[PDB]
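Colleague: Take a look at the letters that make up each chain.
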Amino acid sequence: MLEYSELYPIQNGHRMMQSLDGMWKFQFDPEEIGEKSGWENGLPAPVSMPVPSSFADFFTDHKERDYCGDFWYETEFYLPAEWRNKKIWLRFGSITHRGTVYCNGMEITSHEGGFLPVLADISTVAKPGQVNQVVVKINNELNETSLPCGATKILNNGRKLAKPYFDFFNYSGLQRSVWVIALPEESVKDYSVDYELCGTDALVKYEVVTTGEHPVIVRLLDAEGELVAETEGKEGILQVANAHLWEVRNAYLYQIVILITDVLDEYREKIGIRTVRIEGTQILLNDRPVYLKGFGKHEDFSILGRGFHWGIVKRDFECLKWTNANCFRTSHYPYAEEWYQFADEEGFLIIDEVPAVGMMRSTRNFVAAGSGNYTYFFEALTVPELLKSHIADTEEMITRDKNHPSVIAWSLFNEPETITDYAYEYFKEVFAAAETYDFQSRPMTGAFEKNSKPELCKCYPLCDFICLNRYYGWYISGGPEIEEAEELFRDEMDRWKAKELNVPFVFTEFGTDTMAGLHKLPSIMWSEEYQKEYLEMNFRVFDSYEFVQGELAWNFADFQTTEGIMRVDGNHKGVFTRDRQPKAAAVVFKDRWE
Amino acid sequence: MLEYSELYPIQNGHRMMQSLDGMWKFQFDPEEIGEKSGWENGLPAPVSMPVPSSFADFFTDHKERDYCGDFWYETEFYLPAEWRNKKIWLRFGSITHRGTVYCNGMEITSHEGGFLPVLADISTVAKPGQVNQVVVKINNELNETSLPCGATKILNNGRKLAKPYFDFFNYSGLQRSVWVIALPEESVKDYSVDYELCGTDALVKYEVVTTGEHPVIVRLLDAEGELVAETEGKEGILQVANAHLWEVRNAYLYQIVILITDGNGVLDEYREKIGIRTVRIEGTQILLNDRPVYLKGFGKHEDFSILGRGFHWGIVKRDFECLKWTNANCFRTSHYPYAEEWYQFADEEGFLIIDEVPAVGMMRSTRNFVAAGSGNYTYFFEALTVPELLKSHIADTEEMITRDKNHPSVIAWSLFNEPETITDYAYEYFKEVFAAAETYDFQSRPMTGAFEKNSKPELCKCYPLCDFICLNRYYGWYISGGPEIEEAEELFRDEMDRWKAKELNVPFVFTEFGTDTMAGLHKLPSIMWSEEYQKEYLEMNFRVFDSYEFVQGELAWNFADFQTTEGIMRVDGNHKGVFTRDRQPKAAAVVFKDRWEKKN
Ligand SMILES: [Cl-]
Ligand SMILES: [Cl-]
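One line per chain: the protein sequences are A and B, in this order.
Under PDB author numbering, the letters of the first sequence match residues 1 to 262, 266 to 597, in that order.
Here PDB author numbering is used: the first residue of the second sequence is 1, the next is one more, and so on.
I should point out that these hints are in silico values taken from the structure, not numbers from a laboratory.
Among these hints, one or two may not hold up.
[What the hints assert, rightly or not] Straight-line distance between alpha carbons at most 25 Å, and here's what the computed SDA-like set of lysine to any residue pairs gives:
| hint | chain 1 | residue 1 | chain 2 | residue 2 |
| --- | --- | --- | --- | --- |
| 1 | B | 598 | A | 524 |
| 2 | A | 456 | A | 376 |
| 3 | A | 324 | B | 526 |
| 4 | B | 593 | A | 520 |
| 5 | A | 523 | B | 306 |
| 6 | A | 535 | B | 526 |
| 7 | B | 523 | A | 594 |
| 8 | B | 63 | B | 567 |
| 9 | B | 324 | B | 543 |
| 10 | A | 593 | B | 594 |
| 11 | B | 456 | B | 543 |
| 12 | A | 535 | B | 527 |
| 13 | A | 456 | A | 374 |
I would like the entire structure built from these sequences, with the hints used as guidance.
Modeller: Right, here's the structure in full:
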């Protein structure tokens, strides 16, 4: 279990917080001489770099956009003098992909994983009342011992080029907000809630972790601040009579309030009373079935790359609502915590995905996810280091996101090898670990490439429901062969039906690249009309199987990828353009999903 | 009465034809010296030029693209020896806009009007069994004394620049096929058919004009070649028992055969395909074969990448497959008569045509699309140029009607588009055009024209002349667009309520309505110029149309993106197309398909 708290920062009497967002100093370190040359003390010749954002798309030259290797940030903040006697942490929403944090010259901690928060305890070096310095050494290379997976090519000048095993640009930097926070010396470290429904009434079971021994009181407030339940102890049950349940696209948020007393700490968070259970082939939310309708997405916008902005969230949610979606998948990595906060208010359902993408050794991975070629990926001697990373990223993800009502499943892989017992052994461990970290035991899943065929795949028995990525009519029998493609699709769904697994299937990826404004009569692959015809055919197949309980189309919006001959300025399978405007097919979803 | 035949060329024993399409020789004449310098005998420094085609879009520099003034074409053809003792004509489908034809050095004839055939009798100068020469001086300037109307600016270096009073590019040259043909010394010059429906049977009234006095017999053949009627005489009635009528989008064509007989011999033989059908306006209704018809389709343009107005059959084939997928039954030949092939093919496919003379730009404005609702009168029909303009307007009408009157597809003549009509000088002008048109058409079929918003119900003086009234309105675009579209609808309905209150008891067709739409431009919520806005503008205008019993047709503007003269309001032509210039469909094309599948 973890040496820090994953809880979002708040500001009350006992807990303080100050934003470090703004313009930082930035400098590339291509010869990797920073540590030995005093950069922990300040950067020798930096530039200005916005935070949060991704560094790549600001520059005007290739070597800098495509930089791969070591690079540094530095900034300076004044701590209020009133934060003596408090524990003081730096909280980075993310450090992509790995980094060591230095503060006032001292190395505080290093982290691996570029999509989950990083906590640095600077209590012993922070100078309250004075100006303080923070310096972060970051690395954005890809390998097969960390997620997401890939490789690093050295070119003739010795400069490094990222060669990912995934299909999305390797944005990196400090992409999410950065805080400095003050906690009490005895503090709430973690807590977990589970829900039971008793007719109209409800139980909120909870457990609490603290950095101390003092008694804990837990209060639960309704939307208007009035009290509805109170229990003493670090373990308890809250009784909410005539409970107001969090519903799909109709949220109700209670407020939990955790206290440590003699009052030493207070933590407050919005939660939603709802239950998630798989009965047979159905997904039950509050004991009634739900059908998932929505999109795979990316944290991706012009200029900012993966940088968080609230304006992107607002628009992306006003578009999801306009299509009448109810659900999205945080593909292929946990998002910024603000996305889940807002999903909670709006009643969207989230499949939360750990970044286990790239577990097949292929640099053009999307044509290759149906080629039939096994890459011997889980037979290699780096696999134990990889497994340790994957489990640690699952643990940090679940701890961070488990108390959001919108999060209803965990996706623990996208398009890996599953056709050999080497991969069963691997994934069995991962699921085992995820089952222990989630106090609610909500459904665990992953998304399968076409190569994980019903006859050969070893891993679908680990899944509570099964997610399929399928491109019938695009990478398989596309264009004039599109009727062959429908058959082949039905052929496979027939074989899955024949297995009588009695579990739900969700299509988590299907789509066509579509250039906005390419019209052709008759339609051709890449036009707007072909996208509509494609979707109308996948819909017919989905609607032919009682156990298909969900469609998450790929993608919500055009996004940026590694450049290559099959990628025309990124990936054009969006239903919206990258500036968040709808292609002709968005209307297809809107109508179907009403 | 015209000094030549408008009859399309055929090839039998009595009548022979030869195409002159190919690379011709071409030369600009900016100093206007060709005649004094002997260009009538050949050009001194030519380049090659495709025929048929408009010259403008081939070149890579502005001076040649935008050329305005005199320019010359030349080619050479071999006349077979066997054409001695025939009358030999050159037949240009069109010479744009005016020209003078020369054959082996000799001025044969001159013609004014850029969109109808030019016939030049070269019988005295032709040399059969030898190689012959044709040379044409063309001028593409615009003025206020011919159609279509514009003006001509002289730049500071002496260059002429066309400044049209219309919104389409001033393509010009030899835009249509060219033939040399041989006719008999006694030939059929002209004929005309009218029809009456007799239950299962039908009458084909007719009349023939020849160049001599030998007698005529007229035969009528069904679709399979079999004889169904015969009559002696230059005027007659053919009696067709168990007639197959020509019906909208369900065409049947008879062959008519006109012979000039020397007892047991044949002197001339002309064959055209025709279609029995009747057209009549009864009250507010447009009756085809005695049932009501709702017009659904488009205003078009003879326009295409590289070719300009140049004629190609593939442009036809694609454009008709698109109209059929759309479920249209109609189109208007805005704003000039088309190549004859367009009509021939509309006959096979059963489309209805409104045939438009080129009477456009009768109002002095160079940005004339912002000005058809401005409210500003330009005294256009009180100028002393007007009597000359009237004469060539009538002349183009007579030539259009004489040419096109025997196509079943042609159900009405449009004699103006967006002129000034709020004035008695304009009533007196158009009373003459309409009176002329009535006489040249043997079927006395409906005559109309299209009115700008400026020609309000209270002010207009010209709508009485029309058998039905065509309106060009842009409520939701030029008027009260974008955020104000709610208001554009109430304004529209207020105008229609005033037309209603006049109780004119005539049908109204909407011949223009549309929005510039950039393919690929998507906005949510929609904005003027987005594809989404096109669809909404349309849904709005349909609600208005459907609120009025007397609205009996809707021709959207335009079938396809097309080229205009350039300027700040024109992003590479006009983008009111429902299809792109390369004839693929924007999102509002299915709006039409669905509405029109489920009308009548
Ligand atoms: Cl460069
Ligand atoms: Cl130039």
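Colleague: Run every hint past the structure and note whether it holds.
Modeller: Verification of the supplied hints:
no.	hint	in the structure
1	B/598 with A/524	holds, 21 Å
2	A/456 with A/376	holds, 12 Å
3	A/324 with B/526	holds, 17 Å
4	B/593 with A/520	holds, 20 Å
5	A/523 with B/306	holds, 20 Å
6	A/535 with B/526	holds, 20 Å
7	B/523 with A/594	holds, 18 Å
8	B/63 with B/567	holds, 17 Å
9	B/324 with B/543	holds, 24 Å
10	A/593 with B/594	holds, 19 Å
11	B/456 with B/543	holds, 21 Å
12	A/535 with B/527	holds, 23 Å
13	A/456 with A/374	holds, 12 Å
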